[PDB]
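Undergrad: Residues per chain are reported as follows:
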Amino acid sequence: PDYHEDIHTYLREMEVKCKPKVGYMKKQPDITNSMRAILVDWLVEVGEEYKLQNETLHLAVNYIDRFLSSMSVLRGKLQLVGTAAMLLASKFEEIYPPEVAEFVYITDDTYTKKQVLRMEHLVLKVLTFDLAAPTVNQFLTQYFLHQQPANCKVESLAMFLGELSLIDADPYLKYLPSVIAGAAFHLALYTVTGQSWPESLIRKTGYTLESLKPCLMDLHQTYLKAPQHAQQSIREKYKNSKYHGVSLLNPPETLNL
Amino acid sequence: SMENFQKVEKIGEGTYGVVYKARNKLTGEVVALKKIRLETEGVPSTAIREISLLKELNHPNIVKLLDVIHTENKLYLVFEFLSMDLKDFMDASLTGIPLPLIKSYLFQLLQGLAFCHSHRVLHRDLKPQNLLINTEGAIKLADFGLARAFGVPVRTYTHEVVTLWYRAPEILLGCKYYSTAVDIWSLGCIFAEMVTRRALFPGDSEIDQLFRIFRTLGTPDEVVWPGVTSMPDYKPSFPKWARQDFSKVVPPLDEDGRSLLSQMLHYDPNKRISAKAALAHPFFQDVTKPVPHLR
Ligand SMILES: O=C1N=C(NCc2cccs2)S/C1=C/c1ccc2ncccc2c1
Ligand SMILES: [Mg+2]
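Protein sequence lines correspond, in order, to chains P and B. With the numbering used here applied, the first sequence corresponds to residues 33 to 289, in that order. With the numbering used here applied, the second sequence corresponds to residues 3 to 297, in that order.
Heads up, some of the hints might be wrong.
[Unchecked claim] Interface residues of chain B toward chain P, partial, derived using beta-carbon atoms under 7 Å:
1) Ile53
2) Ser54
3) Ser120
4) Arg122
5) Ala151
6) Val226
These are computed hints drawn from the structure, not numbers from a lab. Ideal Cβ placement from N, Cα and C applies to all residues, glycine included.
Can you make the complete structure from the sequences, with help from the hints?
TA: See below:
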C-alpha cells in the first residue's frame, strides 16, 4: 500500500531524533521518576475528561521528556510544564482542542492563564517548534495492519500496555517507541490469542523476538504488577467497554521466549 | 527581533495571518514575512503545524522557512522570497502558459507532493494562490497552515478542509476517512486550470461543486466508485449526468495529458493515482525546465 513503507522508514528516522535524554532525571535536582509518574497519570485523567485521542497523550509526554531533558524544573512547576505540553499536543493533534481556559480549570486554580501561555512559548522555544514526534501509538496502528485477522481485544490491550509504559521513566525511557510498540503488540497478541510477533512484521521492522526480549521482559513485569502500581488511571480507563475491558484480563505468567 | 527587517509591502492573506514582502537590512536578502497576532488562545494550531512540518520538509519544491521570531505580541515566519504566486501569474498571462512550462510545473509539484506524502504530511489547501514561482523555472508548495501529520492508517480528520474549487468529492460526500488522494485531486484541478486558463470546477457551494464535478466526470454509481451511494452526504435524488470525453474537458491536451488527468481526477481515492506513481507517467517523457519569462 502506497507510502506505508516510506512513512515507516521516516518515522524510524525521526524517533531517534525526537528521543529524550535517557538519564535526565538524575540531573534533575528537585524532581523524581515518581513525580513524573504522578504527572503522566494526571494527563491520562485530563485526556479522559476532555475525551482526547491517545496520540495527544503520547505527544504530550514526549514534549515533557524532551523539555525536562534540557530544563531544570522545580516540583511545583512540573504541572505547568505538563499543562502547557498537553495544550500544544491538543493543538497539534486534535480536531477540536480544549480552550486554554479549560486547561486552567483542571489545574485546580494552581496556575493562571498568563502562566500557561508563557509556558507554552517556553516549551516551544526549548523544543524549537519540533512537535511532530513519532509515538508508540503511531507504530502500533501500523503494526495492527499485520493481524490475521484483525482482533479488537488485541488492539486495545496493545494500546493499554503501550500506555502503561508512559508512566515509568525507569525503564521505558531507554526504549524507542518502535520497540515499545513491538513489545506491546506481541505481549497483547500472546495474551489474547496465544500467537506471537509475526513473520510479516519481522520483515517490515527487522525486529525479532530476540531483539524485543529486553523491552518485552520489562513490559511483562509492569503488566503483572499493574494492579499494585501507585498510578491507576490507565487501568481504570481501559476497564471501559470503549476499550473492551482489556485491563480486566489475566496476564500470562510465562512468555516462553 | 524585527530590527533588521524592513517591510516593503503587504502582499496578501492566506489560510492564517498576513504575508508581507520585506528586506533584510544587513544582508540585502528579500524575504516574505508571515505575521501572527497573539485571539489570546496562545500560538494557533495552524502556526504550530506549519512550523514543525516546514522544518521537517527540505525539498527544492517546498518553500523554505528561514527563521521564526517572537516579539511577544506577534509571531513572524520568515520565508525565502520567490517572484509571485501561480494565481498572480495566470491572471497576468491573453498570452497563455506554454505546454512545456505546464508539464514542468506539474512535474515539480508532484515531486514536492510525493515528498510531503512520503513524510506523512497532507497539505489540504493546494490551489494556485499557494503555489509559488521564481524567475528561473521552479515552482514550490507554500502555505502549510491547513496541513497535518497523518498516521497509517488515517483516522477521521477535520472535515472543513480544502478551498471549495479544489475540494475532492470524498470530502464533499462526507467520507469519514480521507487521505493523500485529496491533494492529488487538487493538483488535477490545477493541471486543468493551467491548460484551460479557467478553474475546472468553480462552485459557489458544496452541492454546486458536486454538480459541476458530476457534469464533467459523470454522476458516480457503485460500479465506478464502490460504496458511493452509501456515503453520508450522497443523495439518491442526485441528477444522473453522463461522463464526457476528456478530449472535450481539456481540448488542447494530447493523449498522455488526458490519461494523467483522468487518473488524477478518478472518483475512487484508492484508484486515484499517487504523486509518486504520476512522476513516471509518459506525459513527462519530454519534460524540461523552461523559464516563465514573467513580470
Ligand atoms: O506566499 C505565501 N502565501 C502564503 N499563504 C497564501 C498566500 C499567497 C499569496 C499571499 S498569501 S505563505 C507564503 C510565503 C511566501 C514566500 C515567498 C514568496 N515569494 C513571492 C511571493 C509570495 C511569497 C510568499
Ligand atoms: Mg532527580
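Undergrad: May I ask you to test the interface hint for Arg122 (chain B) with respect to chain P, counting a Cβ-Cβ separation under 7 Å as satisfied?
TA: holds (5 Å)
Undergrad: Holds or violated: is the Cβ of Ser120 (chain B) closer than 7 Å to a Cβ in chain P?
TA: holds (4 Å)
Undergrad: Given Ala151 (chain B) was flagged as interface, is its beta-carbon under 7 Å from a beta-carbon of chain P?
TA: Constraint on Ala151 (chain B) satisfied, holds at 5 Å.
Undergrad: Given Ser54 (chain B) as an interface hint, is its Cβ closer than 7 Å to any Cβ of chain P?
TA: holds (4 Å)
Undergrad: Taking 7 Å as the limit, does the beta-carbon of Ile53 (chain B) come near enough to a beta-carbon in chain P?
TA: holds (4 Å)
Undergrad: Verify the interface restraint on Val226 (chain B): the C-beta must sit less than 7 Å from at least one C-beta of chain P.
TA: violated (21 Å)
In this structure, the one hint that does not hold is number 6.
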